[PDB]
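Student: For reference, the chains in residue letters:
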Amino acid sequence: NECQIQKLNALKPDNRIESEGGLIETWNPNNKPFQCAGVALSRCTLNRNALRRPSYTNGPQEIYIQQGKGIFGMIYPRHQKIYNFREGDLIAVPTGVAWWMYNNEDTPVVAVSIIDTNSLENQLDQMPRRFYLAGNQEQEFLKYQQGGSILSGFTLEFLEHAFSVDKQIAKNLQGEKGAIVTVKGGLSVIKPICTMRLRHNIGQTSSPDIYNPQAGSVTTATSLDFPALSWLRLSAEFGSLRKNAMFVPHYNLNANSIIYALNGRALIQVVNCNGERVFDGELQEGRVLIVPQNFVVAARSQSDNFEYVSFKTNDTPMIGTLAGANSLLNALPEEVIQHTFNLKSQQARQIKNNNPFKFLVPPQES
Amino acid sequence: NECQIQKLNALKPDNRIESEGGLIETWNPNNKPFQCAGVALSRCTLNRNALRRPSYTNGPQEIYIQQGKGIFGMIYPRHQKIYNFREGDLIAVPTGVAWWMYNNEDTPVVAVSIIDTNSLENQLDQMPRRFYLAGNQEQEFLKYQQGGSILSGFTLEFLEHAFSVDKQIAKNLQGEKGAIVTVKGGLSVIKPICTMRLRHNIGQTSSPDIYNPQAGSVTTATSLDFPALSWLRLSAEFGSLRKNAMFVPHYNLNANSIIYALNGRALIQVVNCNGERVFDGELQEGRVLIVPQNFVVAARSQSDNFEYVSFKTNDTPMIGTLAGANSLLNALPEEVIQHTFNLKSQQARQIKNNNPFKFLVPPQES
Amino acid sequence: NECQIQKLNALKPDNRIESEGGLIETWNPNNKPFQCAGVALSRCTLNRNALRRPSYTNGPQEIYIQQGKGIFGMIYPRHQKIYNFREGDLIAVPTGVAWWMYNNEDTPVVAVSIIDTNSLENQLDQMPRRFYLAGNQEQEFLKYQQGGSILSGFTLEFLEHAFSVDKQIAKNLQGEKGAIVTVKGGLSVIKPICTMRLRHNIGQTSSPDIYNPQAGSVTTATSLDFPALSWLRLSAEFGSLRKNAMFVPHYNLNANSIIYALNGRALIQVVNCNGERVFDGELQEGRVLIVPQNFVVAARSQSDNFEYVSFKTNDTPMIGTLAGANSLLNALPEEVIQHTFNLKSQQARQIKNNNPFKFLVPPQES
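Same order as they appear, the protein sequences are chains P, A and C.
Here the numbering used here is used: the first residue of the first sequence is 1, the next is one more, and so on.
Here the numbering used here is used: the first residue of the second sequence is 367, the next is one more, and so on.
Here the numbering used here is used: the first residue of the third sequence is 733, the next is one more, and so on.
Chain P on its own, in the form it takes in the complex:
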């Protein structure tokens, strides 16, 4: 039983793959928190003039840009559409679509992303895989399984024939720097379903779904406002939490959350169906906590601010708040709350009215 977890730990990457102008970090997909969740996380950072070479995957992928500005281009089945991006942006990558990424400024692009290996679209097995169009490099997840591109595996005679070019150029196509190359002079490529928009900024926005000036803000990107996400059946949440503010106990009725802290630190508590407090610790920058589906999560911030991206596995996730304005205890008859918690008619009124805030709750004022 994958999801029968006794103790969640804040996970770190166990794989660093330094390339010419970048780095690839990957988290072990065979640790039970990731086996339960069904995703595979990764963190690609691309330095100035770096170009992530073309690659595709056997599952939906959703990329969050932690920092940097670049151009990302998809090759959906001169040249196709190139999309500009910024920090805060959420990029949708439908199953098997090949894409590439380039950074041009000093400030390295750091993009953290998830491959939902447990998707219905993933017709292979639960192993994450990346198929690169070029270069002779071992793909990020090869270590977990246990190199070349998909093009280098072909015989020269076949490439010569398919491309209709001579043996000499066929040799370069056949392999012969890792995934993230550095462009010497830099690309001079123009700065701006085939219609589908796959870029929706949830980080550096000014339209919070929930906004509390004394507690923080929380933005979400569901398929409602970011419709390419229905193709992925994936979601993402960006939250900024002030010091000692909190996000009330809650649960995702229909989704698995992968909380990746972008900044600061926060003390978190997740409890299960048995009431066991499976994680009672702190989650820091660049670390990850996986909250399984109906497990309840609570967080109190320790920084100004605690920012995070929670990749949920459902394009329309539904959260059930256990405390605050729209809670599950609030929608209860004042009498049943009395008999399930063993309370007085006066106490039940406090549990149902004392916190007027939705989702985010302000510091206690100590």
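Derived by calculation from the structure, the hints in this document are not laboratory data.
No residue lacks a Cβ here, since even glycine has one placed at the ideal position from N, Cα and C.
Treat the hints with caution; some may be incorrect.
Unchecked claim - The list that follows gives simulated cross-link-like pairs (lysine to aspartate or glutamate, EDC-like), each with its CA atoms no further than 20 angstroms apart:
1) C:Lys-813 to A:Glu-701
2) P:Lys-344 to A:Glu-542
3) A:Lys-550 to A:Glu-701
4) P:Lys-32 to A:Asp-491
5) P:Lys-352 to A:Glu-701
6) A:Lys-543 to P:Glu-335
7) A:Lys-398 to C:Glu-752
8) C:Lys-813 to A:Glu-700
Said to hold, decoys possible - Partial pick of chain C residues on the chain A-facing surface, computed with a CB cut under 10 angstroms:
9) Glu-757
10) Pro-786
11) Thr-827
12) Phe-873
13) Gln-877
14) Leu-891
Once you have looked at the hints, place chains A and C on chain P.
Tutor: Below, chains A and C without anything else, positioned relative to chain P:
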């Protein structure tokens, strides 16, 4: 191979939790019939003035009320809309939604429900598990796994900050009588997707799909006549059969079935793909018979009347009756039926016309 | 990991079942190619006056007709609708629907087909299994499990009562020549969702998708063209390639393919996520090669013509062409092609335009 079943058996519960104002019985989900079916069956019984404390699961539940009257409430993501139930009601509970159940009559409410652990909505694993909003009590299925509520696992200052209450009522709220709890005086709460009907009656009271004055009647609730079921991707079927009558051999094209014998006793026969009669015997009251996807069933009523609830795992189950007005042999040309059964034309007609009834056949007439 | 394929081999059946008027051959569903793919291939040939007795499976089935003409009737939940078929007809058989087939010419019908055991519609297990309506004989896939039909498993009094006939025509119904019997005189039943067409032609008698008078043609049947396929979540592709012409390196973004060679031979090459060439060999008639989801495939015909059928597990498969008019590299900016392959502007142009052809490229001409 989980559904490669040798011999089935009319199963009775293995677990029992006597609660202050009621009881809970659960069938072992780790039995091959149940692993094959991909469901977790249990039967709660609410005594007079009992309340069932709010809980929720990672899967589409479908409750059936064997007997009783009362009011049930669902806390979707003063208070929310309560619905009144009577026996023969089918309640649809979406994945993850919390619900509470209350009985006021002397008569105990009996409800048999399944949890489709093999749902698409179930992102965890094949374990059944309930998430109780309150109390200190071990969840029904913990047994199978091998405490408290989700609230009793949290910290006092987390709970105080969350609910914005004093440490005295937060400590109550923190779990400090099992799942079912008697309301001493009794609730004063009335007896009359937010607007979606999630209760339908398939009791004898309801107009049946099939009615034969000498055989019985069959009423089934699908997503066409009960639309909320297209959310649970589940459905149910009530059936009453006069003594010695029988429902013809038939198979569900697209759904596993979980026959719960409510009243009386019967003599069922289910045969598989290899022609092996994997069950020949009797399914009596309070017992369960699992009949997989294309396995053919036939039952002779040994009582006036044998009554059942068949939980199908599909919102629009399609059945393929082998003998009847509607049957497969009937749609077969007389000549091709001659040749598959080594028969004369005139005998072939007997097979396509002797029995003129749909699904139900009157007693043999002896 | 089921799809961690080391080496693929051009598979062939390991099970011959000679019947009275025909034959049934099947491929082992437990090899890693088929476990990875998630299907069950089979090839039934019926000779003159042969009838394939009524049956059904617990999954989506897609039947392609290699050769011959006959009729096939469906018995969807006098008689039902019978369709005539010819070579190149792709019959969509929705989950659990019972059907029978008949042939009346000297030329045997050779119908190769697939049962997708990894379907959402399949609620049993991954073991393929056919349920026969009549006759004592063992089911094609019983060999893989480790008989008689579903009717010959009931107690003689149950059939008697059910069909409302006597002990004698009840024995003839209760079993007392295999699945494909010979209809001595001949089935005189006239040669012509209820109305949803489940026969569509893709063979050499069609108006092709891709056509090149020097390379061949490719005709694809998706749910766009044949709407009954969206029920199956399956597709097929018929291709005819002239000697030495080739279909460029390409991958299916969302499907597994089961390439069954109809006529001739071809030198096929498929490579994986690690640039390993998992298959470098010849695929000839009656043999089959499984190209898992994002694996790249390229073939070069060694015959006039190499004809194949490609069962893809997705009703709307999207392919990524790596070389050709509409290829992935064709859409890449000349400058990123220069930097990902280590080429110059001019060479980059040669890879984008030397092959002016979509998917099929002609002989090299030497």
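Student: Does each hint fit the structure? Answer for all of them.
Tutor: Hints and how they fare:
1. C:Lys-813 to A:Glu-701: The given pair, whose Cα atoms are some 15 angstroms apart, holds under the 20 angstroms limit.
2. P:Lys-344 to A:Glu-542: holds, 14 angstroms
3. A:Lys-550 to A:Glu-701: Violated, at roughly 71 angstroms.
4. P:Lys-32 to A:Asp-491: holds, 11 angstroms
5. P:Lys-352 to A:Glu-701: violated, 73 angstroms
6. A:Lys-543 to P:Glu-335: Distance of about 17 angstroms is within 20 angstroms: holds.
7. A:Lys-398 to C:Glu-752: violated, 37 angstroms
8. C:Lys-813 to A:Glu-700: holds, 14 angstroms
9. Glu-757: violated, 19 angstroms
10. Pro-786: Nearest chain A Cβ about 6 angstroms off; hint holds.
11. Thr-827: Status holds, d = 6 angstroms.
12. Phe-873: Holds, about 8 angstroms.
13. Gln-877: holds, 6 angstroms
14. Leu-891: OK, holds: C:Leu-891 within 10 angstroms of chain A, min 8 angstroms.
The structure is inconsistent with the numbered hints 3, 5, 7, 9, although it conforms to all the rest.
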